[PDB]
Amino acid sequence: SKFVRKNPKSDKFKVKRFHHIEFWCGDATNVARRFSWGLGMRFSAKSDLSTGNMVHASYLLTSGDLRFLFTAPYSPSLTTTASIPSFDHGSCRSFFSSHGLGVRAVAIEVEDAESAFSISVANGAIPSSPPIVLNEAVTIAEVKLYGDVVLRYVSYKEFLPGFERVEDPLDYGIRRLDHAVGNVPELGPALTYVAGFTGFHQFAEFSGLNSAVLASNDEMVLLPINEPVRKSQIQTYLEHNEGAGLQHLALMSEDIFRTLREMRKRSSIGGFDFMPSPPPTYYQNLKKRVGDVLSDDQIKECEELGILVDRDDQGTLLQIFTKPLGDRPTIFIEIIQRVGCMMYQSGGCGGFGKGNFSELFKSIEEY
Amino acid sequence: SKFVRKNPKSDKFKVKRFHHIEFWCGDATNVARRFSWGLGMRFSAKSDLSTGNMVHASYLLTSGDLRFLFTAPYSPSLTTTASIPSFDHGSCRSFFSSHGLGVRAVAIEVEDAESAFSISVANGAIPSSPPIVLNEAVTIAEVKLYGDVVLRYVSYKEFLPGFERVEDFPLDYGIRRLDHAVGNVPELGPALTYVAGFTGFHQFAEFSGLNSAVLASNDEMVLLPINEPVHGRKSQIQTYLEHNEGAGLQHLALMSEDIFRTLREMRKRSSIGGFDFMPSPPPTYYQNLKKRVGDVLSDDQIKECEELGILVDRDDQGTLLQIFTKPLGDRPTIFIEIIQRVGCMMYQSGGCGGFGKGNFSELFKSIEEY
Ligand SMILES: O=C1CCCC(=O)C1=C(O)c1ccc(C(F)(F)F)cc1[N+](=O)[O-]
Ligand SMILES: O=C1CCCC(=O)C1=C(O)c1ccc(C(F)(F)F)cc1[N+](=O)[O-]
Ligand SMILES: [Fe+3]
Ligand SMILES: [Fe+3]
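Order-wise, the sequence lines are chains A and B.
Under PDB author numbering, residues 30 to 107, 115 to 193, 201 to 211, 216 to 253, 263 to 285, 290 to 403, 411 to 434 are what the first sequence spells out, in order.
Under PDB author numbering, residues 30 to 107, 115 to 193, 201 to 211, 215 to 253, 263 to 287, 290 to 403, 411 to 434 are what the second sequence spells out, in order.
Derived from the structure by calculation, the hints contain no laboratory data.
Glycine included, C-beta positions come from ideal geometry on N, C-alpha and C.
Be aware that a few hints might be false.
[Stated by the list, open to error] Below 25 Å or equal to it, Euclidean Cα-Cα: the simulated DMTMM-like pairs (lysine to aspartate or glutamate) are:
| # | chain 1 | residue 1 | chain 2 | residue 2 |
| --- | --- | --- | --- | --- |
| 1 | A | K383 | B | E210 |
| 2 | A | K421 | A | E299 |
| 3 | B | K325 | A | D211 |
| 4 | B | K325 | A | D218 |
| 5 | B | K383 | A | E210 |
| 6 | A | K421 | A | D333 |
| 7 | A | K325 | B | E299 |
[What the hints assert, rightly or not] Computed footprint of chain B on chain A; a stretch qualifies when at least three of its residues, placed anywhere within it, have a C-beta under 8 Å from a C-beta of chain B:
| # | segment |
| --- | --- |
| 8 | 52 to 62 |
| 9 | 224 to 234 |
| 10 | 322 to 331 |
| 11 | 347 to 359 |
| 12 | 385 to 392 |
The shape of chain A in the complex, shown without the other chains:
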């Protein structure tokens, strides 16, 4: 009848929001051009040859507050010209040879990046890049998160110094990043490592995996982690990804129907593909499950677009998943819309979809 969560607010430094995500590429132009058309993200800021960067090409896509950065290295024959100081040509080709197209950096806005970096290392974090102050404007620092992903700290005194603003329409309703999930071999150690240096508390849950969720004090920076337990997808991931790494990004949309009707039109002409849709029983069982949250027309709309729906104690959740973004069966995208919990709306409203494993199964047991 009642579910109660706790929140010690045990953050070891002041954390604000997700700042951006840095993909590492072989050729960043094509990847950014496809992501832009397939997700509806505007070309916003560049740091390439045309801006004078002879170390790496970096292209930034935005939609709402969501910031996808796409970095690919230039030839070593053409350091000081790189806008992102923590970039190394060799670490980049190693990452792409080993893991392929994937997320390098999970970056978050924090009060002071040297403050965050100092405590993190002192509380166990493995350092990657120390605090570099860019033009006395932004501070940047990187610690190891899981595998070859880095948690990157960004703090302030069009995106970073050295980037040039790209002026211009494209917009499918995606407004912000919601959570970023990492697949690791052993949950226990990875969980005690990350929470050990961030002070992130565990967000409670209302298969082939085990999943805990680490969260900041206001529960707006959400970092779930999966463990491998039909062969487990997480295990397949660890093989094709040659280790631990970010599994999926969840992108909050202000209207999942719009974003899906846009993203679905473009699946065959450049965009992104989606998982095969649940059996029609699933949406018939919707009417007596979230019928007091979604109208019947909104339920018909989910069946047309293949959207999963889940509920927990505080709210209701709409969500759908793409197919792997690149060549390897590794990283994919989650589109979500959260309903309820509007105090502002509290993050994690509706959970993460853990219930859909069952409900989707017993949809297939029927039918």
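Since the structure of chain A is already known, use the hints to place chain B with the ligands on it.
This is chain B with the ligands only, laid out in the frame that chain A set:
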């Protein structure tokens, strides 16, 4: 008053057509998805994990007879499961680390691929992959062309054994075939005598920052131009050799059956995934058009070129429409030429109208005016 052309038909083996072009990628899925939407090429055949290939992912785009192959390597921890036998994981990462996104293979249909390979090596060609017979169906062989590009020989007894046909309503911007494939090289003389030395390709005569000869097969339908940098405004070909870390393919020219359609489609998509184009010639250029190709293009077709930014050139045999994209990837190296040829219809003879060498001048004296 008169330009006369010769043709010794000195081919050392039987050569038919351009078969396909193999790009080497870091991630072939995104590159092929972008090229498909930005050029209007249909997803036709795959050889990835979903077909059982654990060495490399290969995705084929088509439009008319044009075949763009996009290959990217999988992890070595998962040779026998690879559909393309000449693929090596290390040669691929070396290529992409060194040159970035570029063309690996220029492949052409020939009568017998072991026949072509044997003579080529015997006439100087540097071998890369010997003749491998796939499922007693198609033969494949590769010799070095320029730098790390390979001339690949393909002969027959959806695309290769091991590939699975992709059913698609379908995208199509009017591109129908590949016209020519150009390589930038440090020294023209040696590269020219090397390639023609083992193919027997004759020189196609020409009616800047570069020196350009054109090597051609007997029917002048497989066209392989080569550029050289002229030193001492800095030569683009020289900049290419720096960013490309050596010689390599510079541009592919894609014949369209209607360059206006193909560009009104391709320009719509420049800002939403597709390809961008060079800044348009000054309006004087298109004014001088009316008394230059006015007996070939109507006034409406001339206004249409000004709207789409198309260059026009003429030679002894015919007239040429052409326009160039910006570099396809991160590096200022490889780009695309869209072309439509007019005249010379005996069938239409390749090289009709030349290649645009006159436009350097016409473009300039347009800017000297205005
Ligand atoms: O948000 C999360 C984090 C923990 C792992 C997880 O299961 C979550 C999902 O994004 C999610 C939700 C539902 C489904 C299902 F079962 F409907 F397919 C799948 C996922 N998932 O793993 O991407
Ligand atoms: O087709 C060729 C091969 C030889 C070299 C060459 O210049 C050709 C062109 O594709 C061409 C023609 C005209 C222009 C101009 F005038 F616009 F600059 C440029 C090129 N080009 O991109 O090489
Ligand atoms: Fe999720
Ligand atoms: Fe050309």
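Outcome of the hint check:
About 18 Å separates the Cα atoms of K383(A) and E210(B), which keeps this hinted pair within 25 Å; it holds. At roughly 24 Å between alpha-carbon atoms, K421(A) and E299(A) fall within 25 Å of each other, so this suggested pair holds. Pair hint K325(B) plus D211(A) holds up; C-alpha atoms about 14 Å apart against a cutoff of 25 Å. Restraint check for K325(B) and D218(A): the C-alpha separation of about 17 Å stays at or below 25 Å, so the hint holds.
About 19 Å separates the Cα atoms of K383(B) and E210(A), which keeps this hinted pair within 25 Å; it holds. Taking the CA atoms of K421(A) and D333(A), the gap is near 22 Å; set against the 25 Å cutoff, the hint holds. For the hint linking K325(A) to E299(B), the alpha-carbon distance of about 41 Å lies beyond 25 Å, and the restraint is violated. Counting residues of the segment 52 to 62 of chain A whose beta-carbon sits less than 8 Å from any beta-carbon of chain B gives 8, enough to reach three: the coverage restraint holds.
Counting residues of the segment 224 to 234 of chain A whose C-beta lies closer than 8 Å to any C-beta of chain B gives 0; at least three are required, and the coverage claim is violated. A stretch counts as covered by a chain when three or more of its residues have a beta carbon under 8 Å from one of that chain; for the segment 322 to 331 of chain A and chain B the count is 4, and the coverage holds. Only residues whose C-beta sits within less than 8 Å of a C-beta in chain B count toward coverage, and the segment 347 to 359 of chain A has 0 of them, not enough to reach three; the restraint is violated. Interface restraint, the segment 385 to 392 of chain A with chain B: holds (5 residues with C-beta to C-beta distance below 8 Å; minimum three).
Hints 7, 9 and 11, counting from the list given before, are not met by this structure.
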